[PDB]
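Of the protein chains in this complex, all but one are displayed in their positions.
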Amino acid sequence: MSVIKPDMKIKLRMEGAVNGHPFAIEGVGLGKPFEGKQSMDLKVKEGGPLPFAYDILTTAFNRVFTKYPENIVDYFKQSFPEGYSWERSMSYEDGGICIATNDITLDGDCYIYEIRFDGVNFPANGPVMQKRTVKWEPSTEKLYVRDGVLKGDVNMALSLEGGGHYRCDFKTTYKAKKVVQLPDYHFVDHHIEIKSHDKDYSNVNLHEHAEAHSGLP
Amino acid sequence: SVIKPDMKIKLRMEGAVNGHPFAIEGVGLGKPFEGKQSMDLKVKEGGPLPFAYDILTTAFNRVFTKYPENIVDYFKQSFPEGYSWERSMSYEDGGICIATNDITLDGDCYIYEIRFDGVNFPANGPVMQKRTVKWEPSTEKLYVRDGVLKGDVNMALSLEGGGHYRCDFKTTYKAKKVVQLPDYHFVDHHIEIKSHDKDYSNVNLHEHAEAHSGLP
Amino acid sequence: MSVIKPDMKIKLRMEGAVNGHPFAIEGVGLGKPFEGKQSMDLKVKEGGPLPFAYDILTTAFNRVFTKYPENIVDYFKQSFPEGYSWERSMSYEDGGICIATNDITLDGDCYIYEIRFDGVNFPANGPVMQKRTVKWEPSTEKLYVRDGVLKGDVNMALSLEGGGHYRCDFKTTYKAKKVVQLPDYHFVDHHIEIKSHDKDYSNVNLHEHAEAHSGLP
Partner (left out) sequence: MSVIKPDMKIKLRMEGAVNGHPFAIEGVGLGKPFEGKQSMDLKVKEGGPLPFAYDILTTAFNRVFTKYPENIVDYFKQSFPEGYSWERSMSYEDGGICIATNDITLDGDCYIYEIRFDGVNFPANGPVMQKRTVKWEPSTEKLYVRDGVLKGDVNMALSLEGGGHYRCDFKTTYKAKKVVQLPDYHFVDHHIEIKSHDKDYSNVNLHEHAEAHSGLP
């Protein structure tokens, strides 16, 4: 009581490949774990310029930054100081598919992410290889316990240039590194936004706002 | 001027699950602007039903959804001509249902013609074993595609003995006339069986639904 | 044991709906069970002229007509005279999805099918509603036992007018009406063909050739 301060820092490195093309990105940021807000700056270190839509990475760049109510177990805050990991599949409607992992540790006031990201089967003319995405719409993730860990599923949509949406289904498994208390079925509303970026996206400023709830009464 | 603050509902569903035919009729009423509704359902054929009644309930109308001013209400616009929907329901254990509803309006009463079909439910699964408790509340994601409205929702049935059984809904809503097309939005749901008899020949069913646009 | 002839007959009625549009079709045919060949003539009785590619229905119009090698168990011929039923989902790459059931009985030398077929979510501009399909490619179905019944999965593809293919995944459950010996994992090669039809498909002549095998040695 309590290793989680109302303001905390973040450092990350992501190593990855999309359609066989390796890349690496590093980031530093800060957030307010209790208001469920956070932001960070990201730099492409390898594989620049990135030949695919930068949006497909942004949800990989931590649910501790989630405003939780008193009446809902917070699975992620409990997990610390030791931390937790997640595994995620991201299945796009045109047969594109990404899978990512994050190992999350804590070093004093700073969370440290080790991220692996991989994607394949994106069509050369699809909205990802042509960089035709605008942003992720807001979302509501559904979280439920299975086999003693936490699952989260969310229907995601990328707004497209020239209108319409491009759909993706996320399936995440969250794994506390130690015994914590398990939440009941609940929801997390999200909104992730790229607030600014250069032309090749080599530098990105990224924000997220997330709040948990129990849905309709 | 066809949508009165209090409306009635009449429906018939004809269907089959794992090749077993059945039919259900229902009467109900709701408050379209409050996004609340309820109804009484009676199994007319194929009773007693050999499968979890819960797979049928979401088939038994987004007219009954509370829409804000700032969000276009596709469903209230479609009347008096009305609209139809098509829906696939994909269960994590390979069970799959598809349903259709053709919705018309007669005076103050909505009329549903529903077809429901399901296959490949495992005999030892929670559907055929009837081990479901209720649907969790949900948030549906609605977006336009090819001039019509799509709605996708991550659904989950609570199970006897704990845990959940997941289902992915994909719905297409089709107005039977030209209507204004909404921006990407959400509909929170909560559907509940309030009462039923032992073998579910009689069911009282409630839904509460509200539209919104997510996190500012 | 002997309730099957080297030549047998078929009668069927299918009732169905695609995208909410009801229809009905009847058919009569004959086949050579032990050779795995059959053909039939089909007539639209209701809902004509069908507004969707007829091809989506054709596999719905009996594995009794499969040549089975002596060394593979034949679940299908073995089930008669009590017969069997099947349930099938057919998932198309564009979100279109059909499910169908067949209850198969035997009356003397004639199999009788009671078929229900339903499909939804076919896009208005897609190859099914726009009737742009040419034929099913031949296929190899994979059959395996689960929970004391027989499963069959097959990767299907419709050739398209002006090139390319439109993919569909079939998952079938076959259920004998009496206890039968269960087969080992095996394959059925298929080739289904519309040999002739009239302009709007009110009348169709349909052939299938099917042989079981156990793959590369």
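Think of it as A, B and C in the order they're written, each chain with its own count starting at 1.
Convention: a contact is a pair of C-beta atoms (placed from the backbone, for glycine too) under 8 Å apart; a residue touches a chain by one contact, two chains touch by 3 or more.
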> For the full complex, which residue in A:119, A:127 or A:138 touches the chain that was left out?
Replying inline: A:119
> Which of A:6, A:20 or A:162 sits in contact with the chain that's absent?
Replying inline: A:20
>> Can you tell me which of A:35, A:103 or A:193 touches the chain that was removed from the display?
In response: A:103
> If the missing chain were put back, which residues of chain A would it touch?
Replying inline: 17, 19-20, 85, 87-89, 95, 97-101, 103, 116, 118-121, 123-125, 147, 171, 173
> Mind pulling the chain C residues that touch the left-out chain?
Replying inline: 137-140, 142, 144-146, 153-155, 157, 159, 164-165, 167, 169, 185, 187, 189-191, 209-211, 214-217
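One rule holds in what follows: only the chains that are shown with their structure count from here on.
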>> Nearest whole angstrom, what separates the Cα centre of chain A from the Cα centre of chain C?
In response: 44
> With chain centres defined as C-alpha means, what is the inter-centre distance between chain B and chain C in Å?
Replying inline: 31
> Which residue numbers or ranges of chain C touch two or more of the other chains?
Replying inline: 95
